[PDB]
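This document starts with one chain, in the form deposited without the named molecule, laid out as structure tokens.
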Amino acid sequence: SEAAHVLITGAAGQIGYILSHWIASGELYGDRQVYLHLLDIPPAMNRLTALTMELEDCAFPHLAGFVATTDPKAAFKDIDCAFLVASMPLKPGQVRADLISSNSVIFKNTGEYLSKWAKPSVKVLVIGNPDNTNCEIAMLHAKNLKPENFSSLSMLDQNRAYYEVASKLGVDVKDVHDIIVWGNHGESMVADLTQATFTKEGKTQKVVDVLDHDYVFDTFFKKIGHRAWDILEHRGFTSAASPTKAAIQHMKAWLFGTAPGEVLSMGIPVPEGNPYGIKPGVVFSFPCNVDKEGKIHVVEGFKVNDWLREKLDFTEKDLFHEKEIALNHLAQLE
């Protein structure tokens, strides 16, 4: 088999460091070799060199080679998949509208690089914040690609929710089922427990029937909402290993398909005729599975109660608003 070419942007950063090694260890593509494309910006070149030296020093049998560069063409040329980790951070005194705007330029350019140089089959996983909107913008500016080529990462939030709920219930994570993260990141993200069940002492029950209302519809979302901050406070730096784990998990599912019964939250271009009443035109986290051909599908059969309907409508509205901010910013530049 020919090596799979895998792009990681922001490669010199903490996520890039772990992600590149984990992929080079064989965990993503199985027996197939990987050829890493490692992109970062000019001031990061020494850290990038250091990364390459440690990759070399692992003598990884799955590593066919690597590009380590500041050059977009070399980074994007003939790639099979991409982890778009890099993004513009919020600068002091800026608000979310600024974050969306500054990143819209980056992701327009990235969409252009993808279309121009990547394989038409490239699977692009958008991680850098604001991910849903960055993904929409890249897709809109990738002329020779299609919606199937794009998704955004919501699995970190899903995994956080599963551990929180399992710990609250005093059961194993494997014994909790059908927790879903819908919509956007940020304030409007829907951490949905209304489908969720758990097993214990031979009984399967709904989480919402056992846990306190005050926990489910207040305390729980605050915990999920402040988790990253809490880690930053303790660590001195933002999360790295846990988003990396989720990123590989998402991409591996996207490459080979999901397991029987598995439901993975994934941000995708909204499918026309999805069963949950979401309007096409944004990238929206849905409960998904992936078939053996590597195609993502929204999982059918979940229920939308009044609470969930309102939450879904609110995050939908939020996504269309972010998109309008991004596109208006780009249009003003034109």
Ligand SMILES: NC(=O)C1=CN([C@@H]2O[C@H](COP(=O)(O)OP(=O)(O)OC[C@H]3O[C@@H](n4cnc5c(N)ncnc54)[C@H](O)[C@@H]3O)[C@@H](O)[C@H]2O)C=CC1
Given for the second form:
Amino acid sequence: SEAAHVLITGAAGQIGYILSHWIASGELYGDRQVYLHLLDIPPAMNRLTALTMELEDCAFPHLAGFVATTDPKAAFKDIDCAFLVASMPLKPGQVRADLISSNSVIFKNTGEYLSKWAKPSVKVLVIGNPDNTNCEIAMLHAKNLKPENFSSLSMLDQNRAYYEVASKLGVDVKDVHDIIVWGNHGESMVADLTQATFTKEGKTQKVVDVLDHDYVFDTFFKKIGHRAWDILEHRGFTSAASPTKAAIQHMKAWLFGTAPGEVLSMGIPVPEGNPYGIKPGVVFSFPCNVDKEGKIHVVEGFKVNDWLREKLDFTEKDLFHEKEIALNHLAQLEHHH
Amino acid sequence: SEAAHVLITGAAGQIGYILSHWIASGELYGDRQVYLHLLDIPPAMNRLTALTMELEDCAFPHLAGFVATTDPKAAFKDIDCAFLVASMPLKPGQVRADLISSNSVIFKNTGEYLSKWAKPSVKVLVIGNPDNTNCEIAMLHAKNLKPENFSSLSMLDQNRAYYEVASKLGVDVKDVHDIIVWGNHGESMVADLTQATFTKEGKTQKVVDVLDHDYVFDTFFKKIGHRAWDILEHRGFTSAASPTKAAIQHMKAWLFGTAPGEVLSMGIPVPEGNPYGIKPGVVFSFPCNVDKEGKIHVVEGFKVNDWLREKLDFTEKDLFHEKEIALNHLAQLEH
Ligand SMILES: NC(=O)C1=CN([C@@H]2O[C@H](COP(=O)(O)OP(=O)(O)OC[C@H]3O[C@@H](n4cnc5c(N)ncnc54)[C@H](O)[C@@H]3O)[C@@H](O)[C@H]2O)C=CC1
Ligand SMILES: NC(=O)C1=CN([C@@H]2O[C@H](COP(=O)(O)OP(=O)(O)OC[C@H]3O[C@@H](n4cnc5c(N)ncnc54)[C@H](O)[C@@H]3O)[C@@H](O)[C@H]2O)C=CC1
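Can I get the form solved in complex with the named molecule as well, since the one above is the form deposited without the named molecule?
Full assembly next; the chain just shown is listed first.
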């Protein structure tokens, strides 16, 4: 077989460094070889060279080759999947609206590169923040691609939730089931425990039937929400290994399918006629599985109580608002020209 | 199965960060769960805490639990294997004798902790520099353990050599065979291409028969020698992912055995009656394989020409010298 071509943007950063090695080690594509397209900006090219040197010094049997570059054509040409890690960080004094705005241009341009140069079968995982909206913008501006080509990463938050709940309950993570992260990232994200069950001593119960209401519907989202800050506080830098783990997990499931009973939160273009009353037009985190053909499906059968309904409606509203900001910013720049 | 207990020293550093995650992902012990013992020093507590939070945030099914601590006893208690990454760095104005001396204390103490608290079957991989001598010192001070419990990491250098020679030949790494790293780390390391072959267009030839003499016996060793430096110059930090890769490769082979035809350079206490005329009493990188019971063996059948003989003798002499420095320093401290 021919090697799979894999793009990583912002390749010289923390996440790119780990992600490239992990993929080159064979963890993503199994026995198949990989060819890495490694994209960054000119200031970062020395760091990027250092990365390629270490890749080389691993003598990876799965690594068919690589290109390290600042050129979009070289980075996107004939790729099979992409980890869009790079984004424009928040500048001092900026609010979220400005973050959405600055990134809208990057992701418009990236959608255009994808459509022009990537394989029609390309699987694009959006990681750089604001990821749901960056994904929507990239998709909207990729004329030869389709919704099925795009998703955004919410698995980091799901993994955080699983560990938090399992620890609280005093069980292993494998003994907790059906925790879901819905909607947008950021403040409106819905960390849903209302479906969740756990097994302890051969006894299976619902999480919300055992834990205090205060914990579930207050303390829990608080700990999840301040987790990244807490890591930065102690580390001096933001997370790197844990988003990488989640990214590989998402893509591997997307490529080859999920396991029986497995439910992974994934940001996807909202399907028309989804069973949870979400309006098409944005990228929204749903409970998902993936079939052996690599197609993502929203998992049916979960229940929406009044609390969840309100939270879903709020994060839906939030996502359409972000989209509006992004499209308006692009329209204003266009008008100015 | 009960969880395998895995120690990583210097856990809060760059290598420790990646190594802990890679192991927790299941890549070392397969289906068996792991329980990480993460040791570092007092000023690194916050970075260690940060590491544990990220491990937690991966929701690894292979991670049974962890201890993250500055306490020796908690870190070494009932461990099954150890990656000894931490070491005393060279301080400005110090020479190699100083580096050997400062680390001898640390590794004497580590040998004692290992003997006192680790399982008798513990597999100890020494990574922190100077690794051959650190390994020898820890072993000598591990009363209840044996030479079989100890090895040192030379696989990063072998992997570097394979990619260098493959790139020079314009072939795939898989098409190059029998490159070996012998002896000590540092200046006297022997990057041996005299056994090595490669395949291309249906022909197998010796590397030394095809590549230029100046390349093989000068340019090549210089390239391998200034590689770490060149990465530092570009990265702003020392290598991390590549030594982690080699360390997992080494330990996984040690745990389950090597594949057919596979030859891994490994630093081991010199076996009596090894076929390459090396004296017992130091830790020396040999071409090795590992049997299905996890026992390391020196590979037989390689040839020692006059060039290799001289290089082997020089690095051997170098190792016994380093050992002497370390033991003399420890002796001074006693009296
Ligand atoms: N969705 C999720 O679950 C999470 C996402 N993230 C996102 O990942 C991003 C990267 O994180 P780190 O790797 O820690 O950051 P980093 O600052 O270490 O590296 C970012 C890299 O992107 C590069 N870059 C900037 N603009 C670029 C462009 N137009 N094209 C290509 N490369 C470009 C930089 O040169 C740098 O090498 C963050 O900015 C954040 O948005 C971070 C954590 C979790
Ligand atoms: N054998 C090989 O192939 C290679 C070995 N190395 C070795 O790896 C070592 C560390 O590399 P990184 O982790 O990237 O360095 P780093 O500087 O990022 O972190 C080293 C860690 O060791 C800790 N440490 C220092 N003294 C300690 C003690 N007595 N007990 C416990 N922890 C202690 C530090 O607090 C620090 O967290 C180097 O000292 C070097 O000797 C590096 C490259 C290749």
